[PDB]
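A.B. asks: Model the full assembly from the supplied sequences, consistent with the hints where possible.
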Amino acid sequence: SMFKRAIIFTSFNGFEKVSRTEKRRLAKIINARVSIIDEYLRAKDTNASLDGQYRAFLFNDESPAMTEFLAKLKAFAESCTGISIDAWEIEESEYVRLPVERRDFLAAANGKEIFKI
Amino acid sequence: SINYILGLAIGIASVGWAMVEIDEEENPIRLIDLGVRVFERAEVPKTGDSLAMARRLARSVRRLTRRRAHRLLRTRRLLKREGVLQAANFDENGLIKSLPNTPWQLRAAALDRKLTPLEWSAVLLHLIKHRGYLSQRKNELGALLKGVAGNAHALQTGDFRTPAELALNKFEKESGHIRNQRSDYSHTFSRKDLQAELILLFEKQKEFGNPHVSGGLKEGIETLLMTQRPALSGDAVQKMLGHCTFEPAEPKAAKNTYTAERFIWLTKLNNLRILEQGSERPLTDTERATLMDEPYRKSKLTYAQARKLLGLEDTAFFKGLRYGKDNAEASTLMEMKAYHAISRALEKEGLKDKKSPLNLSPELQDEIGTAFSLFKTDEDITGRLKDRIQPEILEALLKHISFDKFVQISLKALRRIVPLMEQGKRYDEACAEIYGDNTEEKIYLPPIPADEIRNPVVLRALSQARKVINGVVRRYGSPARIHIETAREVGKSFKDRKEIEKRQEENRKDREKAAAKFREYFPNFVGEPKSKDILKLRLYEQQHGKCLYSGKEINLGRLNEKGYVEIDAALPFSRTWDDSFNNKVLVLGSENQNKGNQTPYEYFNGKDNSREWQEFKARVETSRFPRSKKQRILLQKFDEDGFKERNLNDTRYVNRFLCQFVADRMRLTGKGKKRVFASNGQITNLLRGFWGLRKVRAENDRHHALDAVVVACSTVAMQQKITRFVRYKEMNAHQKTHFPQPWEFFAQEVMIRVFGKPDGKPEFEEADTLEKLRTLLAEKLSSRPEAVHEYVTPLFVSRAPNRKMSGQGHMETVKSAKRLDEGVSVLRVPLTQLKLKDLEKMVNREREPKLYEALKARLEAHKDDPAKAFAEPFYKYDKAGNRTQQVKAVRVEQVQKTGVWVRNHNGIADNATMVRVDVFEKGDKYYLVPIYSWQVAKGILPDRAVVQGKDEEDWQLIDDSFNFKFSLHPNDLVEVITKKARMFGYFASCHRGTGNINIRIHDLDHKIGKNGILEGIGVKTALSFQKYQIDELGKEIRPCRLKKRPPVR
DNA sequence: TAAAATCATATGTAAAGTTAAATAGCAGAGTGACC
DNA sequence: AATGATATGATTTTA
RNA sequence: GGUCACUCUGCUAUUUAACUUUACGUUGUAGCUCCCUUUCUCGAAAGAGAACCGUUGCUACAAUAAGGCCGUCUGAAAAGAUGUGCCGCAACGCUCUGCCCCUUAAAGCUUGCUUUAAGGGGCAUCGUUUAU
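Chains as they are written, first to last, in PDB author numbering: chain J, 0 to 116; chain A, 8 to 146, 154 to 451, 457 to 752, 767 to 1082.
Read the hints as simulated data drawn from the structure, not as lab findings. Treat the hints with caution; some may be incorrect.
To be verified - Facing chain J, from chain A, some residues (calculated, C-beta under 10 Å):
#1 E539
#2 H563
#3 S569
#4 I573
#5 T641
Unchecked claim - Computed list of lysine-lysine pairs in DSS-like fashion (alpha-carbon distance at most 27 Å, straight line):
#6 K1060(A) with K71(J)
#7 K511(A) with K486(A)
#8 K1043(A) with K1060(A)
#9 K528(A) with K43(J)
Note that the Cβ used here is the ideal one computed from N, Cα and C, for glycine as well.
C.D. replies: What follows is the structure in structure tokens.
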């Protein structure tokens, strides 16, 4: 029961316009993982929720959940050509040892980056 | 003479009740009695609409139909009297024999030629029957307004003279029909337009020969086409008005009234506050004198304009203004709507000059406002005030003014108060200076006053609660105290209840997902993850993984390690009684010790603003907590007793009224002022959990009594026992003892008394009878000798009877009764509703096979969705492949064994309400005679009983050779012993085709029958069939026997 | 085969206006208890 | 879109 | 400065109760019309012309709960005239009126029961909201 944390930063790169379709697609990918436990992470198809946002998803490893999640995010980002997603990983010890304010920026800085696309 | 508390769980369709005997110290000692009254929600079951609203709509369409028919009959009488037609032209009923069926053509061609007697009469009758809409407004849009305005603009534009001409030219060519279709509103005209057509037609026909252009005829016809009754009679408004706050004799004043408007303006002015630099101040006397006359001198006062007039500053702002909103000071601060309205009316009518004050007395403006607000017709306002003002002013005002909306205070009191407020005093000060600052109690509660409660559903709930209260008082004397638990659904609208159903379903799904995630995080967690564990995880993540009390990091993975982390009540339960989620925080077991019964403010010494208090405050502020939770946790100075009371009492409006009413109007032999007590639902559930009664798995109506029992044991003595126990538990201090209970083995006693089975197992056969129940309590509760006594009887659910003899006569769709010799009706069905099953029963299946095959192919092509299949128009082809005529509805056959004759005996509809079933016995066999509402209306007493295979004409006839046993209404208690089983239930429905009956099990236990209903009980060969009597409280169950057969009357 | 259960399927609607009352949320001024 | 409860055709089971 | 209840004002949302109209929809009857089954007539065919019946569309007229009534005037009345004519699917209640239940009297056939009466309640075909 070793807990990791997948920090994702989602943004619009401006090269191509983002369809309402793709917004709903990314929102569905994200919201699959949200519940009442972490309902502050919920994704709407608005530009506010998607463009330029940090989301730290809690994961238990020795389970392929995190890997499948990150794979789906990577596939979507590479397929979308107009949305950029960056994914880092941090251990939950380190994550809760960080200050509350600006926590996700610090976690991305202090974590292991998984992919920048 | 028994000391007992009456607990009531008041639901929207049920009242559970319990009687618990108490000590001399208000201690629960014995469960005297319990029951459940069950009834129908006072609303339309399908839609939730008001019953009175449906009744009123039916009544209004009755009036509309009556008045249209009367208008046309009057017009015919006038046509006869003005020498347009002779007695020869009218049939025996009173209709014109063979009048032309082309009044549109005759209208649009009445602009080119003279008209015959018939053609003129037909044009007039058609104009009066179809007279369009009249704007009744006082002065964004739907289909009606858009269509009316479009047609108005089209005839006003040119090239079209009258709406009939426009109709023929445009509508027929471009639509194929003149009148409106299913949902269409395009071909609709203004009454003003048709009146214009009327005057033009009369003058044109006057020149075109035509003897009948009489003045009398024209005036009569125009009067008939234009006149309609006023919405407000001239007495309605006062009848609905309501009393003053201070003088109940005097009625409240209208808003559009110099005195009342001055009162509103003085309130707003005196209550205005301004914030400068961290400070708050009222307007000074000079500031108020600067502003006071301004709303009379300007259109609007406008906070920004007030700022200008006072030269306030950029640093000074108005209190209670959302300055985030970008032009917050553009809001109207005051607008003397009545003053400027009267002024503008007289200005636009030429009796008033701009830049000059109104020359009318304050009293005169008061009179004008009240008369216009109380009366909406020229006659009424005239009779009211054409005596006290000049007629010129009256004409202008009737031309331009519309007033509504009263001010809750009488003119008398307002006239006393407004000078006192004028000299700078606040409202409270004024009415304190003038007026400073109740009903005998009967043994039985009086009827619930409909004036106070306007929700009909809440009215019925409270009325049935009154029935139950008066029952228990009649049976056991005056109660010592009454405890109430109103459901969350009582007092809310239908949409609100549907919303809370949807949200609780979504919450169930969310909790399922949360449990799944919790399982993923903790694969080796033991058992089902309960609500506390999900809450622990949620609080962990929502507190950023930090202990709230210490700020130390929390180790996920050790989350379920016993005592590692606790869900602590921030405010102590002993002092606040708060078990809401806004008082629960995740702390380390380490740090939440020596905290005791202190609050965070007291624990961290926030009185001295210590470092620890500031750190704690920062932690809770940075956390993902709702503002309410943050405010609660950081609760500094507070009242112990007050907080306990607010959490205990549940003060929604229905509860408030109920407590007030019952305490003030009914005799209660209790200790202290609060002899009526309404419980917080959350605390009732908390006590239910701690006292040993789980949420029952079974689906039946008895659990309501369970809730009532718990509410009865929420006594001050029990409450303080709980408080003391929780205090000790907080300080960690007579070993495993446990939560206090009303008495030993409370849970099992209550469970057995309510359900007739032991607490553990619901598969035990219920103790259906008194002796069996007493044996069960004696066996399972041998230690408790007070469990058995003379009042112990099984819970039988009492169901509100419904023996009303009036109801809906028949279904609202009328079917062709031409072919009723064979058992069929013919209804004409739109293609957008036609289905394969229906298509098989089309009348013209045999005649026109191609159309049938095309329709079938179109439905098959679109997966049998009639709307999608027939979205684009359908046409009957004609041998060669040329589309010919359109199809929009086709005649379909339906089975019709019986029905109700309607529409001058030329239509038939299905039955709606079976009001009675008369039960007769011949030999040793039972026979049922149904009586419907239309039979009651026509006054006919049926004489034919049901036979399963046959139609009504082949039914068993009833004569003196038949004993009459009784009459059944819906929800009459019945017993059927059939030598296969004994069944005892409430008669719900009788089956015309089979002759069987349906009965509801008293508690509607879904285990027995189809959701608690025994559908299809035969009675013809029953050993015994009897009718019973039961009371509210579900007691005194007796057989009853009618002497004579009751009339329908 | 009669009588007693079971399965199954249908239920009138939408535009416009004049009113009054009640509830609740928010904002503002107070009164009365308490902390 | 249904939302519900009643009325009742049609069909199966039981005795 | 918190908490609760209450009074007043403003905005907003929802509901409740009443009223005045409109416009459809449904059934019946016409007029015209679209198909079409029988049977005739005609035709080489295609398919025309007719008569019931079914029935598409359009237009009109009646009815729109089933059922009950009112004010006046003509009439012996059955009916005529006339009207911005009035009720009718609900909720609540127990003052009046029914039915049912219970209690208490009294008389009785043989204690049990039946009447009858009063009182208490439940529910209505009774009353109020509720009309000219």
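A.B. asks: Each hint should be assessed against the structure and marked as holding or not.
C.D. replies: Going down the list of hints, with the structure as the test:
1. This hint holds: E539(A) has a C-beta 6 Å from the nearest C-beta of chain J, less than the 10 Å allowed.
2. This hint holds: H563(A) has a C-beta 5 Å from the nearest C-beta of chain J, less than the 10 Å allowed.
3. Look at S569(A): its Cβ only gets to about 13 Å from chain J, farther than 10 Å, so that hint breaks.
4. With a least beta-carbon distance of about 7 Å to chain J, the hint placing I573(A) at the interface is held under the 10 Å criterion.
5. For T641(A), the suggested interface contact is upheld, since its CB lies about 5 Å from the closest CB of chain J, less than 10 Å.
6. Restraint check for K1060(A) and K71(J): not satisfied, since their Cα atoms lie roughly 69 Å apart, outside the 27 Å limit.
7. For the proposed pair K511(A) and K486(A), the alpha carbon gap of about 22 Å is at most 27 Å, so the pair holds.
8. Using a Cα cut-off of 27 Å, the hinted pair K1043(A) and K1060(A) holds, with the two alpha carbons roughly 23 Å apart.
9. Restraint check for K528(A) and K43(J): satisfied, since their Cα atoms lie roughly 19 Å apart, inside the 27 Å limit.
Of the numbered hints given earlier, the model fails hints 3, 6; all others are met.
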